[PDB]
Amino acid sequence: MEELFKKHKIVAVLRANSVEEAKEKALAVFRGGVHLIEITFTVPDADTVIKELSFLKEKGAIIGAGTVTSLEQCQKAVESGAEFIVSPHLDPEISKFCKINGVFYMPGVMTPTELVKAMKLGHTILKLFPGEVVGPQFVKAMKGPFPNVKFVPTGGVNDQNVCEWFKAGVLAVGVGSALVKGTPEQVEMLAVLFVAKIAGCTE
Amino acid sequence: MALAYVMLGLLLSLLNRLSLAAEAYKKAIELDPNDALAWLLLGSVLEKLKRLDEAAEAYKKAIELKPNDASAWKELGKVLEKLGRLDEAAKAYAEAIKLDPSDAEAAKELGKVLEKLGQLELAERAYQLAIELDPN
Numbered sequence: 011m012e013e014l015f016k017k018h019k020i021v022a023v024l025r026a027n028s029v030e031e032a033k034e035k036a037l038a039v040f041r042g043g044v045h046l047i048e049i050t051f052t053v054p055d056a057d058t059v060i061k062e063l064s065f066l067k068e069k070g071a072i073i074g075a076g077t078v079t080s081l082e083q084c085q086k087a088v089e090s091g092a093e094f095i096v097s098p099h100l101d102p103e104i105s106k107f108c109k110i111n112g113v114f115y116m117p118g119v120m121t122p123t124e125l126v127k128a129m130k131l132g133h134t135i136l137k138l139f140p141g142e143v144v145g146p147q148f149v150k151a152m153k154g155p156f157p158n159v160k161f162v163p164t165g166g167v168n169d170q171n172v173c174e175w176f177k178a179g180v181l182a183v184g185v186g187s188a189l190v191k192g193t194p195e196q197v198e199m200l201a202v203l204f205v206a207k208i209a210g211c212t213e
Numbered sequence: 081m082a083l084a085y086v087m088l089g090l091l092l093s094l095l096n097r098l099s100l101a102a103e104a105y106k107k108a109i110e111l112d113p114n115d116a117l118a119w120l121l122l123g124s125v126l127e128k129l130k131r132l133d134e135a136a137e138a139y140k141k142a143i144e145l146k147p148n149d150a151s152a153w154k155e156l157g158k159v160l161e162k163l164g165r166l167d168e169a170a171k172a173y174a175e176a177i178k179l180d181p182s183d184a185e186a187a188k189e190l191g192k193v194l195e196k197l198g199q200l201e202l203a204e205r206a207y208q209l210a211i212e213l214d215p216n
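Residue numbers (the working numbering), protein chains in the order written: chain R, 11 to 213; chain S, 81 to 216.
No lab work stands behind these hints: they were computed from the structure.
We put the beta carbon where it would ideally sit given N, CA and C, even for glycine.
Keep in mind that the hints are not guaranteed to be accurate.
[To be verified] Straight-line alpha carbon distances no greater than 27 Å define the calculated DSSO-like cross-link-like pairs of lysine-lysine that follow:
1. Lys-127/R <-> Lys-33/R
2. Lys-192/S <-> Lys-191/R
3. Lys-178/S <-> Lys-207/R
4. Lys-207/R <-> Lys-130/S
5. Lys-178/S <-> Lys-141/S
6. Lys-141/S <-> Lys-191/R
7. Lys-140/S <-> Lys-69/R
8. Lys-207/R <-> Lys-192/S
9. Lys-192/S <-> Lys-177/R
10. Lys-177/R <-> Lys-140/S
11. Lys-191/R <-> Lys-140/S
12. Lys-17/R <-> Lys-140/S
13. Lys-178/S <-> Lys-67/R
[What the hints assert, rightly or not] With the C-beta cut set under 7 Å, the calculated list includes, among others, these residues of chain S facing chain R:
14. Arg-97
15. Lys-107
16. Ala-174
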């Protein structure tokens, strides 16, 4: 999974109000070039969305689960066919749960203490949520004492500061409303513009 | 022989005999139907001759042979914009940017097409992309 984060460098944090809405936005995101799609569990029946997108994995898409708050949520994600589990917080039961099932897990971290707690669970890749607050200087301050740690910021990442994040040395970035909000045409166009923008940041 | 008529159509275009150059590119296409260079050059001559929908047909034929030519998708976006098909031009300019994210002309022209289409949000993103590429 780390090989794909380093490959595509962008993740689509997908929020919606219905299964029909989340499926349409995921198709437009993939047609725009973004292969890493994170289906949040705030979507009603998010497990149904992930399973009904199993055909996109044949095209080359990576469908995962986001905003996973409980263990009971984690099974419905893994059993539906999620290829990576994402949460805005650090949960020790979920980390060990995906550990034994064989699914990659990315916990949400904001404090150096919480990063150490997640490192003791084996996680070298962390979700920096909310990056809107800690900023890229947080990633730079952690490269010293924790050089083996890679980050994926989420929240507060737009086309203005996406070069700021990759300059600090982040692995990938997660985009929410700045990519997913809009019509299928606007979502596909927003994905192409973000793919070209990141291609200009990592040059 | 196919490249000979292409080279003939080129020289005829150096001397601005465009209609005769298009006839030479046509003969080279009759020789080798899969000469993607002859199709692209024919579409450029027809665009100059303002045979617009005929040029977009030639650009589409060349793109079918060269799926990943950023300048071909870009020149197709020029013809589709001149034809009024703003939605088709925006999709063509998007394919050219997906192929070459460093094309400042394709990013600026996409911003012009999106602004004419009404997408002020997407056009401003494309304009900022063209400003970052071209420092002028």
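So, going through the hints one by one against the coordinates:
1. Simply put, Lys-127/R and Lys-33/R have alpha-carbon atoms about 35 Å apart, too far for the 27 Å limit, and the pair is violated.
2. Between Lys-192/S and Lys-191/R, the direct Cα distance comes to roughly 22 Å. Compliance with the 27 Å bound is thereby established for this hinted pair.
3. For a cut-off of 27 Å, the pair hint linking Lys-178/S to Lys-207/R stands: about 11 Å separates their Cα positions.
4. Proposed proximity of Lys-207/R and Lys-130/S is contradicted: the alpha carbons are some 34 Å apart, above 27 Å.
5. The suggested pairing of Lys-178/S with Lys-141/S holds, with an alpha-carbon distance near 20 Å, which does not exceed 27 Å.
6. Distance check on the hinted pair: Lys-141/S and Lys-191/R sit about 35 Å apart at the alpha-carbon level, beyond 27 Å; violated.
7. Pair hint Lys-140/S plus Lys-69/R holds up; C-alpha atoms about 24 Å apart against a cutoff of 27 Å.
8. Between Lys-207/R and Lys-192/S, the direct Cα distance comes to roughly 18 Å. Compliance with the 27 Å bound is thereby established for this hinted pair.
9. Our distance criterion of 27 Å between C-alpha atoms is broken by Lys-192/S and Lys-177/R, whose separation comes to about 30 Å.
10. Distance check on the hinted pair: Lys-177/R and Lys-140/S sit about 39 Å apart at the alpha-carbon level, beyond 27 Å; violated.
11. Simply put, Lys-191/R and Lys-140/S have alpha-carbon atoms about 32 Å apart, too far for the 27 Å limit, and the pair is violated.
12. At roughly 31 Å between alpha-carbon atoms, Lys-17/R and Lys-140/S are farther apart than 27 Å, so this suggested pair is violated.
13. Our distance criterion of 27 Å between C-alpha atoms is met by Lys-178/S and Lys-67/R, whose separation comes to about 21 Å.
14. With a least beta-carbon distance of about 39 Å to chain R, the hint placing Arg-97/S at the interface is violated under the 7 Å criterion.
15. A hinted interface residue such as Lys-107/S counts as satisfied when its beta carbon comes closer than 7 Å to some beta carbon of chain R; here the least separation is about 38 Å, so the hint is violated.
16. Because the smallest distance between the Cβ of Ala-174/S and any Cβ of chain R comes to about 5 Å, under 7 Å, the interface hint for this residue holds.
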